[PDB]
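Shown here is one chain on its own, the form deposited without the ligand, set out as structure tokens.
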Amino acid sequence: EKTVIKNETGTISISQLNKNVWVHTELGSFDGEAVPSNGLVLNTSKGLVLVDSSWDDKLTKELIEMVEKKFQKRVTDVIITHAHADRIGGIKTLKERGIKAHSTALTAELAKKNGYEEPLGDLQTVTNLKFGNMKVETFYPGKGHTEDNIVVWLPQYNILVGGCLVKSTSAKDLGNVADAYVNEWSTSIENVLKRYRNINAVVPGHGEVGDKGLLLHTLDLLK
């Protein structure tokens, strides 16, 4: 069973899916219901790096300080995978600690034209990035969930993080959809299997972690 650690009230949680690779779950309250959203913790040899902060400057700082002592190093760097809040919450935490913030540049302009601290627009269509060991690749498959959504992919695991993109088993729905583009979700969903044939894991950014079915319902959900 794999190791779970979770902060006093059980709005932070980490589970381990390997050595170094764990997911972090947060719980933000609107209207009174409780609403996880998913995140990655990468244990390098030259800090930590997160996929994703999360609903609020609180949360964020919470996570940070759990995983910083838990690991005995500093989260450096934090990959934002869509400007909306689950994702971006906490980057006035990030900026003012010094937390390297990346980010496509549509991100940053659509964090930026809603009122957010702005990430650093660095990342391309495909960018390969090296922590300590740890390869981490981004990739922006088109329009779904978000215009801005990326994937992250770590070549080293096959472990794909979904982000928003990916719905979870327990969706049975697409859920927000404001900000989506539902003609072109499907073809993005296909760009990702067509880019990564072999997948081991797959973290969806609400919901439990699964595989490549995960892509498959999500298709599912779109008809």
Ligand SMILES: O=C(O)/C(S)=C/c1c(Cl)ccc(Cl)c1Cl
Given for the second form:
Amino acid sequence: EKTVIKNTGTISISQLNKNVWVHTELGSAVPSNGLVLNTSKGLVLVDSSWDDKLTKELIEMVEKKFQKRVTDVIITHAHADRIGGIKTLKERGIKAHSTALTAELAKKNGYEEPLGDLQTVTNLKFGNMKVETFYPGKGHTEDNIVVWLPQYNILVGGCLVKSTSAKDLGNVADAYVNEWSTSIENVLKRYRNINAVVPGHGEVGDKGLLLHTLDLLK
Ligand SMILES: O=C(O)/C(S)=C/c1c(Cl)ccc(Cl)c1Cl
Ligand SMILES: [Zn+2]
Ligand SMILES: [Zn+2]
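Give me the form solved in complex with the ligand now, not the form deposited without the ligand.
Below, the chain from earlier opens the complete complex, with every other chain and molecule after it.
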């Protein structure tokens, strides 16, 4: 059984392996997932949380547990569950990575701006931790990216990828339902061997979540 650690219970982290954890927060009631990467040069998060209060608590929880600082965050699209803590990141000197499009949309919607440094494919390295970011096309939003850990074949699907418990596509106001399938296929083509898939919301699964999402798009 995987190690799970809670704060009230509104914040929980679950261990996938030695240096990779999933962080899950309760907002709005809607759970949301990101990733915590424990590296030799600091903690790196995939995505922040619903607001600054949760993001502050999240950072402080992991900094205390792993006894190092959060240095970087990768923001995977410009909705609040992803970017709501951007103010906290900026003021603490935490680098908030994103595509230029994610940054533009963030600004348009009144959030503070992440860096806009991520290209269609960007390869980062934090200590020994390798991280690839990939823009597969439009889906849940026009800007959604996925994150790949090549040393573990772990894919962070974000809100592009629906969990098994999701029986519909959810809010599609900002979505592109005619391109979303092609974008999933682009992910499946790039990462042909996947061990775990972390959805934006819900339980961790595998490649099956990508197939589940394709079915929901029919
Ligand atoms: O279904 C999802 O994954 C997301 S992020 C839903 C959503 C939207 Cl579409 C707008 C705004 C907000 Cl706050 C949320 Cl949570
Ligand atoms: Zn979203
Ligand atoms: Zn979401």
